[PDB]
Amino acid sequence: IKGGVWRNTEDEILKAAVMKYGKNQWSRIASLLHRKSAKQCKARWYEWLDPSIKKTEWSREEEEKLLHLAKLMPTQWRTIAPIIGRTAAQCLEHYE
Amino acid sequence: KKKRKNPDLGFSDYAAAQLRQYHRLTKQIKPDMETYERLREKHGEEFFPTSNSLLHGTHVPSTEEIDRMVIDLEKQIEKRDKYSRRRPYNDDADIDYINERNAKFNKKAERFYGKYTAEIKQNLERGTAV
Amino acid sequence: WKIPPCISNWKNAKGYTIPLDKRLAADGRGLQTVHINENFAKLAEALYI
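Residue numbers (PDB author numbering), protein chains in the order written: chain L, 6 to 101; chain M, 114 to 243; chain R, 245 to 293.
Chain L on its own, in the form it takes in the complex:
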């Protein structure tokens, strides 16, 4: 009876709670957001709100390296993802 779609209010409270509590207290952050748990807050942070996550359009050399590594390590997106510098969900989505 937790989770669902992420709204913008929850993301801004998540950012402010990161600014107060840091990236190692996700159960203090998840007491600030009802209908979201600590694992969900952490997953949401590392997958869509961390300001290293390149949300721009894929370049040509990135998708060349993507096709090379995805032919090179089959279905290993958590291993490919730090090499090509995108989130593994973004990486898998763009590969498909």
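Everything labelled a hint here was simulated from the structure, so no lab data went into it.
Even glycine gets a Cβ: it sits at the ideal position worked out from N, Cα and C.
Please note that a few of the clues may not be correct.
What the hints assert, rightly or not - Cross-link-like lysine-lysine pairs, in silico, BS3-like; alpha carbons within 30 Å at most: (1) R:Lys255 / L:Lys44; (2) R:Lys255 / L:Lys47; (3) M:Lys234 / L:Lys41.
As the list claims (entries may be wrong) - So the derived label-pair ranges between C-beta atoms look like this: (4) M:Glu223 / L:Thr80: 39 to 47 Å; (5) L:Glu52 / R:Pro249: 28 to 36 Å; (6) L:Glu52 / M:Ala130: 52 to 60 Å.
Claimed, not checked - To give an idea of the interface, some chain L residues facing chain R are shown, with a C-beta separation under 10 Å as derived from the structure: (7) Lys25; (8) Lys28; (9) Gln30; (10) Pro87.
Take the given structure of chain L and dock chains M and R to it, following the hints.
Positioned in the frame of chain L, the structure of chains M and R alone reads:
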């Protein structure tokens, strides 16, 4: 017509600031030769003392002397009280602190780590991208 | 010889609020540089052949 420029460098020492302050105060003072030559003619040979002369426990300053000292020292205290000029508080900057000490800690953090965390600021403003 | 203030990932004694770029200034996990070897290629190609 004369011209002189005297800026300051960084801090470096509590003694260099003392010496700068001393050179300011010691250029500002002007002696009166009347009292000087009066005391010179009165004291004679002992007016040019060594370390071990005798006159250490004798001098009694008249009221005008101690008044001049206290006025000078009050000017010096005021000039020292103006040491940190308060930077004006604009409220158009997006505030980043929930407290009054928090603001000054964030200012110190922007002093030290502002030169490095400049890409991540650009990411945070452009939408956590690149 | 100036010392910068410690911004911790764990402790926030006076409960301040720190900007996100300051909070994530852990440079070592940004310069860690996961670098792949070139012997994965021989393995993958030999297996497909």
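Hint check results:
1. R:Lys255 / L:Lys44: With a Cα-Cα distance of about 21 Å, the restraint between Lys255 (chain R) and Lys44 (chain L) holds, given a limit of 30 Å.
2. R:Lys255 / L:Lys47: At roughly 18 Å apart (the allowed maximum being 30 Å), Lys47 (chain L) and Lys255 (chain R) satisfy the hint.
3. M:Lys234 / L:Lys41: Roughly 27 Å separates the two Cα atoms, so the pair holds.
4. M:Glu223 / L:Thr80: 39 to 47 Å: At roughly 44 Å between Cβ atoms, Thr80 (chain L) and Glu223 (chain M) fall inside 39 to 47 Å, so the hint holds.
5. L:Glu52 / R:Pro249: 28 to 36 Å: The hint (28 to 36 Å, Cβ to Cβ) holds, given that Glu52 (chain L) and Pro249 (chain R) are roughly 30 Å apart.
6. L:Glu52 / M:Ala130: 52 to 60 Å: With Cβ atoms ~53 Å apart, the hint holds.
7. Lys25: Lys25 (chain L) check passes; min Cβ-Cβ to chain R is 5 Å, inside 10 Å.
8. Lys28: With a minimum Cβ separation of about 6 Å from chain R (threshold 10 Å), the hint on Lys28 (chain L) holds.
9. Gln30: holds (8 Å)
10. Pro87: holds (4 Å)
Of the hints listed earlier, there is not a single one the structure fails to meet.
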